[PDB]
Amino acid sequence: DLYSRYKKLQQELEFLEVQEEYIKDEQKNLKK
Amino acid sequence: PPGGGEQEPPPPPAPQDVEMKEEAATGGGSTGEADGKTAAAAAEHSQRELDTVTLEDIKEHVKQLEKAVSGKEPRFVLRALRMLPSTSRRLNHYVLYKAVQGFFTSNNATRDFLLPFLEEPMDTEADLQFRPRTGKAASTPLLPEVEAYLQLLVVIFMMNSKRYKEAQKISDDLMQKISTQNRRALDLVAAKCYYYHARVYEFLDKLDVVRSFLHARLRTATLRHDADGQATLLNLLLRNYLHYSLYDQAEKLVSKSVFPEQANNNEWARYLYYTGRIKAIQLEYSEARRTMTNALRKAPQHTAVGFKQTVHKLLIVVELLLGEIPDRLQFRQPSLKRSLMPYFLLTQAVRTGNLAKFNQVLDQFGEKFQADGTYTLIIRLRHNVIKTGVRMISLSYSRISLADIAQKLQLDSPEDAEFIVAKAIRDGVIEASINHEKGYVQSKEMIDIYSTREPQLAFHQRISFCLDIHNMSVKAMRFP
Amino acid sequence: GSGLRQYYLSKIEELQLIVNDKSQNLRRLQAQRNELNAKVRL
Amino acid sequence: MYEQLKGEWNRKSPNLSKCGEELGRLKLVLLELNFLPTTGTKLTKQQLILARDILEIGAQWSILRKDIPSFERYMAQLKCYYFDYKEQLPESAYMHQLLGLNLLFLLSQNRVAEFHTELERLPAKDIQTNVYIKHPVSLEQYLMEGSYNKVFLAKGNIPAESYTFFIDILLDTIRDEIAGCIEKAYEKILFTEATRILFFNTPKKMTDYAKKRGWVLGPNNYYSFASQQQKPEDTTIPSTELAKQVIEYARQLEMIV
Amino acid sequence: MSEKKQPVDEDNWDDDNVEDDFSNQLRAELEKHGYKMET
Amino acid sequence: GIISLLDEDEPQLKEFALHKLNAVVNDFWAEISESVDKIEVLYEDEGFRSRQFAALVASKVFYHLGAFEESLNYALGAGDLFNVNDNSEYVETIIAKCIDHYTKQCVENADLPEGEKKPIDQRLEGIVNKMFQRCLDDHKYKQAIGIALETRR
Numbered sequence: 039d040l041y042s043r044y045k046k047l048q049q050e051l052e053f054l055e056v057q058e059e060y061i062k063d064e065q066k067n068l069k070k
Numbered sequence: 018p019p020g021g022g023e024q025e026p027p028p029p030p031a032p033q034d035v036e037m038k039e040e041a042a043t044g045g046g047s048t049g050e051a052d053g054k055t056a057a058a059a060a061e062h063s064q065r066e067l068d069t070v071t072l073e074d075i076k077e078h079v080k081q082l083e084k085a086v087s088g089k090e091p092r093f094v095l096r097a098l099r100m101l102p103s104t105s106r107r108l109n110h111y112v113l114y115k116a117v118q119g120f121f122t123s124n125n126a127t128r129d130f131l132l133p134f135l136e137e138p139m140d141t142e143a144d145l146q147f148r149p150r151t152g153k154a155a156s157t158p159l160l161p162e163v164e165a166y167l168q169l170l171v172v173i174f175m176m177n178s179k180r181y182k183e184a185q186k187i188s189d190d191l192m193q194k195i196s197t198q199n200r201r202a203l204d205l206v207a208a209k210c211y212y213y214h215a216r217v218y219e220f221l222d223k224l225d226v227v228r229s230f231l232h233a234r235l236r237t238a239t240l241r242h243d244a245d246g247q248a249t250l251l252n253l254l255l256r257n258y259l260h261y262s263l264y265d266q267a268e269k270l271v272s273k274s275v276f277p278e279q280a281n282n283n284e285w286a287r288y289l290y291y292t293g294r295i296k297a298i299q300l301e302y303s304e305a306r307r308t309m310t311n312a313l314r315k316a317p318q319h320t321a322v323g324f325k326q327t328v329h330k331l332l333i334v335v336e337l338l339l340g341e342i343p344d345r346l347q348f349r350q351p352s353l354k355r356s357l358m359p360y361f362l363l364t365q366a367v368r369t370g371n372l373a374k375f376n377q378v379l380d381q382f383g384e385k386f387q388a389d390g391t392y393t394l395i396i397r398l399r400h401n402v403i404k405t406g407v408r409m410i411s412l413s414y415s416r417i418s419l420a421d422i423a424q425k426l427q428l429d430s431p432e433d434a435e436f437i438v439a440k441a442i443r444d445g446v447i448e449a450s451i452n453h454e455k456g457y458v459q460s461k462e463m464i465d466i467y468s469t470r471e472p473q474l475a476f477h478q479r480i481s482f483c484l485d486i487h488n489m490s491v492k493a494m495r496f497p
Numbered sequence: 017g018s019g020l021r022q023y024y025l026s027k028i029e030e031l032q033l034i035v036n037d038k039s040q041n042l043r044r045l046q047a048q049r050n051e052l053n054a055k056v057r058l
Numbered sequence: 001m002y003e004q005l006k007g008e009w010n011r012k013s014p015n016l017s018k019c020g021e022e023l024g025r026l027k028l029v030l031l032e033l034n035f036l037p038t039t040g041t042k043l044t045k046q047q048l049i050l051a052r053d054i055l056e057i058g059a060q061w062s063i064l065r066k067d068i069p070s071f072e073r074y075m076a077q078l079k080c081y082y083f084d085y086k087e088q089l090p091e092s093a094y095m096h097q098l099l100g101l102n103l104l105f106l107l108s109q110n111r112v113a114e115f116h117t118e119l120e121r122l123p124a125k126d127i128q129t130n131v132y133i134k135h136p137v138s139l140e141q142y143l144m145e146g147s148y149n150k151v152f153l154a155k156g157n158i159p160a161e162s163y164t165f166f167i168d169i170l171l172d173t174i175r176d177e178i179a180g181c182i183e184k185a186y187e188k189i190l191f192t193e194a195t196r197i198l199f200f201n202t203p204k205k206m207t208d209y210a211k212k213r214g215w216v217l218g219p220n221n222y223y224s225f226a227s228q229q230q231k232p233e234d235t236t237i238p239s240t241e242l243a244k245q246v247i248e249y250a251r252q253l254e255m256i257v
Numbered sequence: 001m002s003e004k005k006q007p008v009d040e041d042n043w044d045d046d047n048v049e050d051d052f053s054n055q056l057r058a059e060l061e062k063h064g065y066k067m068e069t
Numbered sequence: 007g008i009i010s011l012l013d014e015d016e017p018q019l020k021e022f023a024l025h026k027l028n029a030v031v032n033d034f035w036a037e038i039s040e041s042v043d044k045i046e047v048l049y050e051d052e053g054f055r056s057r058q059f060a061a062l063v064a065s066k067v068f069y070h071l072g073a074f075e076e077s078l079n080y081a082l083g084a085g086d087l088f089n090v091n092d093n094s095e096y097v098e099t100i101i102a103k104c105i106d107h108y109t110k111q112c113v114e115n116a117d118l119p120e121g122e123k124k125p126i127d128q129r130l131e132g133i134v135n136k137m138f139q140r141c142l143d144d145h146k147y148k149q150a151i152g153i154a155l156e157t158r159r
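Residue numbers (the entry's author numbering), protein chains in the order written: chain D, 39 to 70; chain V, 18 to 497; chain C, 17 to 58; chain d, 1 to 257; chain e, 1 to 9, 40 to 69; chain U, 7 to 159.
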């Protein structure tokens with residue numbers, strides 16, 4: 039688990055960030 | 018007996034109710050935000066942390082005999098909290114021991130029993146993951162005890178309780194710390210315990226053990242956790258380094274740890290004063306008088322906290338020595354009326370030419386001056402005596418003569434005229450040019466602050482400031 | 017533990033803290049986006 | 001153990017082998033039990049007492065041989081012993097003037113920040129007593145307003161020695177600044193004002209101001225120059241970077257925060 | 001906070047004026063004309 | 007002062023110099039920040055008979071200085087005096103940085119296994135495989151496999 043903890047948090051980083059950019063996209067499009 | 022007897026049904030129950038429930042809600046919501054609230058870095062029980070800052074200092078000092086607060090400790094420390102049944106049992110005990118305080122006699126805990134009360138948190142499947150809960154449970158042993166202001170034979174027991182709490186630092190640094198962010202709460206606890214433990218080492222000798230331990234507890238900062246522990250421990254580091262007469266200050270300047278960031282308008286404000294006197298001890302030259310004004314104007318919201326009188330006193334002392342000559346009657350607080358009289362006479366003889374009156378006042382009130390920790394004021398105040406006069410006339414006359422400006426400032430000799438015409442140029446106390454073909458110190462003036470890019474210089478930082486404010490709003494809005 | 021475990025136990029520290037914060041931020045952005053969706057829908 | 005205790009102490013220092021041999025005594029002085037912490041055994045602090053005084057005469061050898069870095073070296077371990085980590089008893093009668101030669105050491109060499117972090121360790125020992133500091137401290141008070149040559153009207157007062165090594169550095173420390181002040185915008189006080197009032201009864205000091213500085217004294221005076229630029233203000237140099245600042249302004253203001 | 005290390009508990043520029051910077055405000059100064067009936 | 011304790015160039019004060027280095031090796035790395043050349047040049051001595059020790063105390067100070075890599079470099083240049091010193095709670099910082107630099111360096115070498123490969127230091131890996139021995143001893147092996155993956159070995 040502990041090594042898979044450290045891998046799974048990594049996987050929880052970028053897949054979480056793509057949503058961060060994603061809401062930017064959605065908001066800017068919604069303005070239009 | 019008939020007088021003093023009828024006057025203790027009401028006194029006990031007040032702390033019995035509100036002193037009961039306050040930290041009950043504190044530990045309650047704080048515990049729920051320790052289990053939950055992974056972003057518990059800013060707890061609303063941190064405002065309850067502040068409410069505990071001013072809470073016990075005025076609420077309760079003694080354990081409130083007649084069975085008001087004495088039974089709190091045996092109740093509140095008996096917290097096993099195994100699981101929901103064995104924790105709803107303690108939920109029952111919150112009210113169950115209340116019959117013990119009211120009807121029966123509480124468990125007397127005159128700062129001798131709290132140490133053996135540190136077994137109740139261990140009894141019946143002890144909880145160690147709640148090092149915040151047991152941490153405030155480590156503050157509470159001091160809370161009646163230290164806040165009683167004894168410093169009498171229980172200073173050492175203070176020290177032992179804080180050794181158990183430093184063992185709670187050991188528990189954070191060693192025991193089940195899975196990014197729980199509790200040091201930044203344990204840094205506030207380390208703050209509180211080391212204010213009155215600071216006093217503890219004021220009622221005793223030096224603190225060098227807390228110097229090395231302070232370099233260690235500070236050492237762990239900046240590596241894993243850094244928030245207000247480096248700030249507060251740095252200030253405690255500075256206060257008695259300054260309090261002791263030694264080199265002590267260029268070590269502080271070389272102490273390149275000056276940027277523990279925003280301290281919520283409380284730590285940072287005084288922080289500018291701790292660093293401010295430091296920059297003052299090396300003949301401050303208008304670089305830190307601005308940060309003295311800054312610190313005095315940052316967090317004045319209290320009412321004469323006690324060191325605020327010292328910042329208000331020492332602030333314009335350096336400015337008088339530098340360029341300015343305002344008095345210090347502007348904030349004539351009742352808190353200031355008795356702390357103004359020596360300094361009141363202090364600043365008059367500077368601008369006035371009666372240096373004999375200045376020595377009269379200095380010999381008159383030097384005892385208060387020596388109590389203020391400003392010994393070196395006279396060694397450099399005669400500096401700004403003639404520099405204050407020459408600044409005055411230098412401001413008055415535009416094309417003034419140096420062969421005339423001396424004779425008015427009780428110079429009395431042409432040779433004495435130009436002993437002040439040797440460093441005023443390099444210093445910048447007046448903008449003029451001295452000549453021997455014409456020994457006339459004629460000044461000049463310029464414009465184009467509006468015609469040179471002064472305003473856009475002054476504007477950029479504050480533009481960033483306002484956009485900072487916008488960023489703070491957008492970041493601190495959408496909680497619901 | 018100290019030599020072998022502590023390097024990963026102490027390195028999942030910030031891997032957990034970052035996802036700890038960006039969920040708060042993420043839900044902030046979610047609330048705003050849903051505001052826009054309701055408005056332009058109506 | 002006590003090698004050459006007073007071999008050449010009062011008479012003179014004819015042989016420098018006693019120098020390195022005394023420093024061989026400091027080999028054991030620093031290494032008997034400790035030198036900094038000095039944890040226990042106060043009796044080991046006694047040869048740190050004499051270890052201090054031997055460093056004092058050692059700095060008296062450095063003052064004789066113009067030995068600045070070794071001089072401060074002696075004063076360090078000295079002052080290291082006076083901030084000995086243990087509260088021991090009285091050191092000697094030789095501390096207060098020793099710190100007098102330290103304070104004259106550091107005062108004349110433009111060490112003001114170092115200066116004012118030195119007079120704050122013995123609060124009332126260097127104000128109304130310890131003339132070996134009182135002359136340096138009133139000295140610095142002379143170095144406060146304009147009393148730099150007034151010091152030289154006050155040179156004839158020394159408690160023990162000539163103080164030549166810092167009445168001379170107090171010469172130079174006023175020499176760079178009289179040279180700078182004359183280099184300032186000024187109209188040439190003649191040879192008699194720059195050469196007779198100050199110091200230097202017509203030595204090659206005229207080579208000092210004539211060579212180290214300008215003011216070429218040929219026709220009966222020193223001679224200035226412009227000492228100024230031509231006011232080269234472009235003001236369109238920031239025409240690029242400031243546009244960058246605005247681009248950042250609308251940048252962050254336009255960004256979805 | 002929680003220090004209370006104090007003693008027991040404009041007049042700066044306007045009194046800095048009116049007492050010392052001001053001269054004819056606390057005391058009189060108008061006698062010069064008696065020193066001016068000959069100049 | 008007190009600082010000009012080290013103004014002698016004597017030979018036995020070179021071995022007493024180290025005896026003062028490990029004595030003052032703990033806290034005042036703020037002072038050693040101005041005392042870097044006093045440790046660097048002290049490290050630079052062919053006639054110094056305790057070589058790499060100035061890199062011991064150097065790796066002490068440069069951490070405080072803020073050079074997370076410099077204390078690692080001179081910790082490499084500390085010789086046996088550093089490799090023997092691996093049981094502590096402070097050293098876990100510099101060794102954590104060591105395994106960071108190590109695993110990233112090994113991912114780099116695994117990138118291009120031929121041509122212009124950044125050579126890994128022998129003393130760089132000497133505490134690496136030693137730490138893997140800690141992986142062999144401290145009763146846990148998801149760690150030992152973990153660094154095995156990242157190490158590209």
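It is worth saying that the hints were derived from the structure and are not from the lab.
Misleading hints may appear alongside valid ones.
Unchecked claim - Distance condition first, Cα-Cα at most 30 Å in a straight line; then the derived DSS-like pairs of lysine-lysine:
#1 244/d / 231/d
#2 184/d / 455/V
#3 146/U / 194/V
#4 18/d / 20/U
#5 66/d / 42/d
#6 212/d / 184/d
#7 20/U / 27/C
#8 155/d / 134/d
#9 330/V / 315/V
#10 46/D / 146/U
#11 492/V / 54/V
#12 296/V / 125/d
#13 45/D / 455/V
#14 134/d / 440/V
#15 194/V / 148/U
Stated by the list, open to error - For each label pair, taking beta carbons as the anchor points, the in silico distance ranges come out as:
#16 34/C / 226/V: 36 to 42 Å
#17 102/V / 58/D: 41 to 47 Å
#18 110/U / 242/d: 20 to 26 Å
#19 28/U / 49/V: 47 to 53 Å
#20 226/V / 52/C: 38 to 44 Å
#21 229/d / 409/V: 29 to 35 Å
#22 370/V / 196/d: 48 to 54 Å
What the hints assert, rightly or not - Some chain U residues well away from chain d (every beta-carbon gap over 12 Å; in silico):
#23 7
#24 13
#25 18
#26 26
#27 58
#28 113
#29 123
#30 138
#31 157
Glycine included, C-beta positions come from ideal geometry on N, C-alpha and C.
Structure versus earlier hints, numbers of those that do not hold, lowest first:
Hints 5, 7, 13, 18, 20, 22, 23, 24, 25, 26 contradicted; others consistent.
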